[PDB]
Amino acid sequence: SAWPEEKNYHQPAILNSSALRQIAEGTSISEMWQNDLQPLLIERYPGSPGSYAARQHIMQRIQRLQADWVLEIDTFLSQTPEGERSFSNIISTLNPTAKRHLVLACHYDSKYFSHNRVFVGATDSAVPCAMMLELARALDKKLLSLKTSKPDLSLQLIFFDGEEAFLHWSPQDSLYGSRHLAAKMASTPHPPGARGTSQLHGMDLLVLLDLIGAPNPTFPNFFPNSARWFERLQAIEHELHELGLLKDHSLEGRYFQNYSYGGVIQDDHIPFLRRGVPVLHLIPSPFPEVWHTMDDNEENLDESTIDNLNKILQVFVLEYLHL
């Protein structure tokens, strides 16, 4: 019918001060660092041992939680510059047969570099991964009520594989995971047994985290069709700051900007955007200095920034899902 246009009308249920306070208190930057983040800080390119442990680590972290997370491994083969390779996207869905989903995403693969140092891509994107896992965890009790009326809308998480290029970045050597899965979702009926509608119609908003972890990030508002949602993040950021629930935060060094961006950033959203999915692309401009550098590592992460961004994202998600 018209359920696919529902996202066009969808409003947040906005949290009051005491609610914002509780959310800020319900996240632990320390507990994420250790249990969510630290394990991912390993070489995890496709086919690598790290690939396998990354996967393992993600499925296990989601499994220990009460909320009815359903997990799928979208695994497939594709030619690469190094010859055939196996890729596996991790999908973690609450209420899989809900017509609508807000979708958080990032890439868990790390880019291949030769070596006495090793590339672990802390900001790119182990920290986006831990943030999604910390969100899953921080909001468990509230997300668990989605099991129990209201819009036909729930939460999906996606950890893409094969995001990074093997050699020099190109349409055919990158976005292996996203390109596969977006194509799959495009041809998969949703809800089950529908005419016309695909799983991509069911994607209300793809929120893609990427390159998060550096001090003073600045995110531009990239896309008009998501700009209203970007304004939410700026309003959340602002309110959390005024309430004294951010750390080492000044309005002057705020993260979410009024302005947009000139060029066109290739990333996992691309195969979704070109088929018409609303994208809220939480990548900074500029990229962290450490971009594609052996310094893209832990020492160079900024705990407080990540904590602050955790709080903002969690609040956004609650308000989007009306929880």
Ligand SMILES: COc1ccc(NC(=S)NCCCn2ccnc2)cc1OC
The other form holds:
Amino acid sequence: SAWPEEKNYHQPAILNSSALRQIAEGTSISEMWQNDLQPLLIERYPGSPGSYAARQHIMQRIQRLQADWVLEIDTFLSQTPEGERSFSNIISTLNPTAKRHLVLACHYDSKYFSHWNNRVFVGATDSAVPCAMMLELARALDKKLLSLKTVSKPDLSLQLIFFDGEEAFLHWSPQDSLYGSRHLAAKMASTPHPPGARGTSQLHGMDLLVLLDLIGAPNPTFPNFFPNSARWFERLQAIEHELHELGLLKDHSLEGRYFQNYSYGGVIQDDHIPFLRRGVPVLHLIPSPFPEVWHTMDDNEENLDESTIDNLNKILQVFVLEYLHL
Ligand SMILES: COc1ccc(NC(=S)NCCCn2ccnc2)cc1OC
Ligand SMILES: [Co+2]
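And the form deposited with this ligand bound, for comparison with the form deposited without this ligand?
What follows is the whole complex; the chain from before opens it.
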């Protein structure tokens, strides 16, 4: 029947005033920084020790939560400019046999750069911070996410994806970029879902691909990229305004706010692409412009904004709760 269309009608359970204060008190940026982020601030292009440590580190964090996460490693070989490589997409699902899933993702790999002044590229905003931010969300919402084990409702849950091999080895191109996402999107496209169904794939399963990238610079501006996601975008603007109005953000002005009503001139390439081209509805939370420090050794911890990321943690968590009705 018409479960693949439930997404098109799905509405949010908008939190009340005190629930917003409650969530706000929920997340801790000090914790995330130390425990979720710092370990990831290491060289971690595919096949590197970083890659494995990052992969271990992300799984370590998730495995220690109460909510019934189900980790899966999507390892595959592909050709690259540098020769055959192994890529390992990290998927993390609650209630995986549930038909529908809201999907947050980022990329955990970093871009490769040869050593300049003994400096190593650690891709802080790009996209370690999104990583940690997802991990914080997992933690900060663990109790509330737990009640999804309780099986009344819409048959919907949360999925995380930590894509590997987003970056290009050489120069960006169809063939040298999005290795993990190009691979997992194809795989999802052709895996029946739910098990033993006719016609429908796991891609019918993705209600919305929320893709975090290049977050951590101060005062980011996000365009509203896609018509078919626009209402969910407008929720983020709605959430942002509301938290500020409640003095639950720090270092925030409505002039220097985050989600802008304007759209985007060209077309940005990222992990969402092989999904969007297969008609996954996509909410692409990449800033325009990119950070100043983008793809430069200055993409480092000295150059993140504590309050910006923390603020974005609050905003994002509310969005997820509200989507899943928790
Ligand atoms: C620096 O300003 C920009 C440069 C290029 C683009 N366009 C595209 S298609 N970017 C693809 C990004 C891939 N990626 C994601 C993370 N690390 C790499 C836009 C920019 O500013 C809006
Ligand atoms: Co990059």
